[PDB]
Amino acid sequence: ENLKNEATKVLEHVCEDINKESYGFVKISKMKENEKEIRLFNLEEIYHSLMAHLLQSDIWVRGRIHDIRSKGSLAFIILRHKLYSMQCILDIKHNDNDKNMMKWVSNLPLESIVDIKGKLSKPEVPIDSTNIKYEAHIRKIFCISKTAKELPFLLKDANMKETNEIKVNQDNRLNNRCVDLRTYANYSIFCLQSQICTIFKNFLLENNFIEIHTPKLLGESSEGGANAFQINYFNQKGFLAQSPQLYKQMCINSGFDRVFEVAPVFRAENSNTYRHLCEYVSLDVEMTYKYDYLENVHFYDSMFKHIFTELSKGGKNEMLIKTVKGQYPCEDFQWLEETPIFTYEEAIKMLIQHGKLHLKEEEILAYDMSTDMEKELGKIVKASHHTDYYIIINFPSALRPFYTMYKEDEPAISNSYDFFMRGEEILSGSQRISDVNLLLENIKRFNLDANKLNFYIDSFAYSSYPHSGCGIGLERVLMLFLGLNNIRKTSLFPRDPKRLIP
């Protein structure tokens, strides 16, 4: 059985001089012992340069073993980095016929990280797997991090467009999120999430906004205490912020004029749905207006048209979106140069007219449109206006929060607005009550405790500029832009009433 122990020695071989040797496990320190300094490439650089310094001589490249197929005297490794994959071929006949090198390579587990020294060349029929259409012929291969554990599922299965033709279910993916995020579509999803944050902030900064950061530990709930997480804050009773609502208004009352925040909020929703989470990233805007709050509404509208335009343009966003759609197909998000705006009353009458809703004229003012009904409206507007994006305005005051300013001449109606993507709410906002006495009256009208809101209310007591604002769900915007079926696909480590882990 000594033969088996010699074989074990080969399979476990640690390389001690990478100048003499062509394979083995190596500490990163020992690549310092190389006679030359190493210019190490990643696959993103290779893709963008090739799809001359890369084709001339042997190069060094690092990547994860996405796939490895042993075929006798040949072995085929697909290296992966981000979105990019490249085939690397070990041919024993080109490596002094070293059978132990092949034995060691065949034994490498998937997802292991290797540094390969090899020569790039363009084959006749390139692998259809790899978006790098060159192949590396391996001269040396060293493993700097060996996979230690059997994978919870295969990336080949996890990447598959889900059909009835192995599905990896959501629980398995979320439980092993650090493997799930390696699929091409999931990588692309979160690159796009970052893009949304960048476009949002850059548009606001170009329009003279400053970024603010307001606390999430509160003494009082921001949007209604029933769904606020409670905390013990040094023997005080505290809550997590459901929104930065109170503080962004306080900042406008303090003179900051145009503010935005990109930050977590926490909502103790006791419903476990496909489209909401208990923790999410709110994009909040608050700003003054001159004489009409519609000034700000048109501004928020231009902001979203800009987001859509920027998400839909350029090579890299196009590639990200196409990569998502490869696994999760959906028609491209559509919007108009003139966003359709409907009043709540008009929207109701449209739904009744299309036979989607039945109400007596008596029942129309108090009617509270369901999320399913908002989706039906989305379908109607998609058919009639050829857009996935529109605005509803003038909600009844009774259905909006206490800080929403009502129409002076028609108080049952408020100066409020929701924006919709594919028939689902992405943004909610309103003209704010900017008179401290009207604000106290509305707080009382809503049976809220003004004493507990004193720090907020007092911020209006030394003048208040006319102002409005909005709050936006980042994960929901991304989900609906891509047409994904669940908000857990656009939150990195989702939180819902059952899931605190990972």
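Shifts are known only where both forms have a C-alpha. Take the two forms, find the largest set of C-alpha atoms that superpose within 1.5 Å, and that set is the rigid core. Positions refer to the first chain, counted from 1. Compared with the form deposited in another entry:
For the set 44, 33, 435, 449, a Cα shift of at least 2 angstroms between the two forms, after rigid core superposition, holds for 33 and for no other residue.
Once both forms are fitted on their rigid core, the CA atom of residue 237 lies less than 2 Å apart between the two forms. After superposition on the rigid core, displacement of the C-alpha of residue 174 between the two forms stays below 2 Å.
Taking the rigid core as fixed, one finds a CA shift for residue 94 of 2 Å or more between the two forms. Every Cα shifting by 2 Å or more, across three or more consecutive residues, marks a moved region; comparing between the two forms on the rigid core, these regions are 32-36, 92-94.
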The other form holds:
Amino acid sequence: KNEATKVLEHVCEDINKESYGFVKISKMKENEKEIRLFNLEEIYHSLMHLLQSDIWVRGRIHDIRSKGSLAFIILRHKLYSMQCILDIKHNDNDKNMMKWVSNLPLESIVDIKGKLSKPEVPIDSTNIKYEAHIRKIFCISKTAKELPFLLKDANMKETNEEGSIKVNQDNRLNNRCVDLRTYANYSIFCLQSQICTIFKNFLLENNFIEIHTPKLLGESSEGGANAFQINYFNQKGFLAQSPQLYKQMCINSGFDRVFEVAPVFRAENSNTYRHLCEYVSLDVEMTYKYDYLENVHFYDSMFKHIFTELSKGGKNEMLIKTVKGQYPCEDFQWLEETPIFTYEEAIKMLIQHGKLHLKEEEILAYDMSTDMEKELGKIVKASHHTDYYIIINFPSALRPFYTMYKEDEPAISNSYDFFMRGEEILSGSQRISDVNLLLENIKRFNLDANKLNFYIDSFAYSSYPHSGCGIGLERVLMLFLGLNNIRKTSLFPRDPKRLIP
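Could I have the structure of this protein in the form deposited in another entry, to go alongside the form deposited in one PDB entry above?
Shown below: the chain alone.
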């Protein structure tokens, strides 16, 4: 009784003299710890002369099987799986070792000493088509709690059967540290990192500098009602909904081309599949020579570049494929030359396809809904065969006060949205860069010029012609992959009903 459970909980005191057991990191000094420890990613990349001799590898026990003399371990690290096997082939039939190993809880972290070789038929699961024969296995971190759900279940595509295996969004978000271990979730957030990298490097290559502007404000920035309020040492303040005012102030200071990658905070009480209370905004602001279209074409080049880099062979292709295995969706498509529609044209397309009913004099007054966004996206996919397009010339009355209107037709503005799979990823405009026109537009929008005093003032000592845009990082990733919910592309999502974890 005590006998067997003593070996099930066996702690190793000398890794040389023994071949299995729980071990503190302190004790891992076989021949004075000249251990060359490998991880699955390194192994994958070199094999797909590590394999001429025994090696040490660390990983999580993704799955365990045990029958008689044989025992299979699926060892996992990030995206990489490998089958390791304990058959007591060269272990002197310890048998107690078999009991110890076969009782290890899933997700436990293990250091295996073993020999690589390629099997006749590898497992279809392990993307490492080699296997390891276990000469020694030590557990440096034992799973302490039963998982909230099994990874095999959370990794599986949803069949939607009556008695089907399905892990709820709530369950996953509540237990995010486990949810993130699925192959698709790991890949999703590697791709999020990739988008940030391509974005920054493109702008840096085009002579931009990165800026960091405050999120604690004295005023609203993108509107008062939807801002979170704070007590700032007995001043009333707000969280930034956007770095809009500061990135323009930086252009007014001469920085010429700036970007920011930073959180913003939105306090709208909206609970939708695409709305967050906190998200990462990629912001750009820059000057133009004579026409604001110069900048629009530039923003377009940027996104085409992002798509080109995300769709390339190598790592990104494996990441996207791993996402698509659980969440299938056709490849994101874009044309060599991006289609650009005017808002009027887009609305007339919706009318022509009988999705909207509007007389002429009402078109510029209609404010396009998210449903109509997706309907326009379907129309353009069928006619232009792309998932990516631009709408310009939004009605002035539907855009913020800093948007420059067309002087010859003030009912429309020099403004633009970009769309992926029919849904908005980017919003931006030519800015009003004349301080008097700016004050006129502020009063036309019934805003309080005193609360905007420092921003306005930044235009009083001249102002370059400039434009800019703001982009949702989580939206871009969501829509590139076709995912159903933006909570899949934010690490720890924030929404009106979720502050935790």
